[PDB]
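Chemist: Construct all of the structure, not just a fragment, from the sequences and the given hints.
One-letter residues, chain by chain:
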Amino acid sequence: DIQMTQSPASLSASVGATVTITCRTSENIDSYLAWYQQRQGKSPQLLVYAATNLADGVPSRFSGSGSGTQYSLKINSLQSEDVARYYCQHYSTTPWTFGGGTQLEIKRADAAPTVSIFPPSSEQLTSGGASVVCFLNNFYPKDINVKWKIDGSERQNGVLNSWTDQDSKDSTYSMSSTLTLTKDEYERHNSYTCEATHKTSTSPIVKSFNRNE
Amino acid sequence: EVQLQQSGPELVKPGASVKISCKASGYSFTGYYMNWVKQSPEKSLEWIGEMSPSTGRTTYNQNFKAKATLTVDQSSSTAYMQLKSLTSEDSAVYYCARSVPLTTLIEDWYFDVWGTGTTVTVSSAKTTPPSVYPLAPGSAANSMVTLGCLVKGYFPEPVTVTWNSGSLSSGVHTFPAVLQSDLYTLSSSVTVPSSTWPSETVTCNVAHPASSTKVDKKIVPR
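Residue numbers (the deposited numbering), protein chains in the order written: chain L, 1 to 213; chain H, 1 to 141, 144 to 224.
Because the hints were derived from the structure by calculation, they are not lab data.
Each hint should be verified, as a subset may be incorrect.
Unchecked claim - In silico EDC-like links for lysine to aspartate or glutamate, alpha-carbon gap of 20 Å or less:
1) H:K43 - L:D82
2) H:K19 - H:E89
3) H:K219 - L:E123
4) H:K220 - L:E123
What the hints assert, rightly or not - These stretches of chain L come out as covered by chain H in the derived footprint (C-beta under 8 Å, 3 or more residues):
5) 47-56
6) 78-89
7) 96-104
8) 119-128
9) 132-143
10) 154-168
Where a beta carbon is used, it is the ideal one built from N, C-alpha and C, also for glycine.
Modeler: Have a look at this one:
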């Protein structure tokens, strides 16, 4: 098995930038190499074959080069629709193998999160469960940390977080954090706080509600 | 024009087998090789093997020799892949992918058209329908208001969420599902002008095909 190593794992650049992704192989593959793009939630598409041949219909800002054990994919004037994972693949000796992928993001201006917090619904409380949800929406850069506080004490157990991929219109990220408790433990307390650290604020971003007040 | 329509998502028990289909359109099916690729949850890509739809001739990645069997039906322009004795390692998205014509002297073995993908889940966890919970504020009159739906305690993936039957799509954030103890939680937020809510209806629509369930939840104040 030929090892295909891509770098960097992650790339961030401004719209209009020229960017280069590299693929290093364990053997001289004599340019028997393909590049693919895959957008979130979509099937891959072919960009380049024989290391340097642009697949038909592919935008001309894409190009490939290389020889021996080192190959590159280049995008001139990066566009927001270029946000995707990129993979190299050899077809030199069987079995054909792929690199681990490179994820490209658009670099934009810092954006502070819009934070909303929700107490459990009456519906959920009837089941004997209680989820508190925090949305942290439309922020940039992606780096964020969320902590939950109950009556001021940090709570870590029962916390589930997920992040959207970068937005195709505004290039921001959003995050959702859900703390699930029992109805019983939820009712023993008053103050529920979603607390974030993000580069757009010096101090922690604090969103709370009082059950009830 | 060239399309490769694959079969639906699968939940299979950790001993069973599954057969995936790949229907070809807009080209001469028996004129080009057909390949299969695994994509692990970690988003790595693995070549499983190749089949010739014309002659039945086949080449496997030796790592999949015990796992995969590739088959064909020329009458319907459909290629198949069966995966035997499934384990957690086999939970993945599987793609069929077209390569070059059988008449190529050229040495270019690229995958130029990829299928729609078939997600395979292997586990002993029980199919469970979603609970859908409304997320509404308690603040009255920002100029924008954020509403949400929390979809909890379901298995397997996928759940799909729309707002107002898809007619409300700007300002929506639907978050990737998170697994805990064999059950998923997903959320979705929607931001609307405060002039439009609560004076107008906002509903999240949740579909969970695995459990044959659709839920609508109107978001009301308080």
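Chemist: Does each hint fit the structure? Answer for all of them.
Modeler: Hints versus structure:
1. H:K43 - L:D82: Holds - the C-alpha atoms of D82 of chain L and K43 of chain H are around 18 Å apart, at most 20 Å.
2. H:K19 - H:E89: Holds. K19 of chain H to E89 of chain H sits at ~17 Å (cutoff 20 Å).
3. H:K219 - L:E123: holds (11 Å)
4. H:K220 - L:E123: holds (13 Å)
5. 47-56: holds (count 4)
6. 78-89: holds (count 3)
7. 96-104: Satisfied; 5 residues make the cut.
8. 119-128: holds (count 6)
9. 132-143: n = 3 at 8 Å, threshold three: holds.
10. 154-168: Satisfied; 5 residues make the cut.
In summary, the structure agrees with every hint in the numbered list given earlier.
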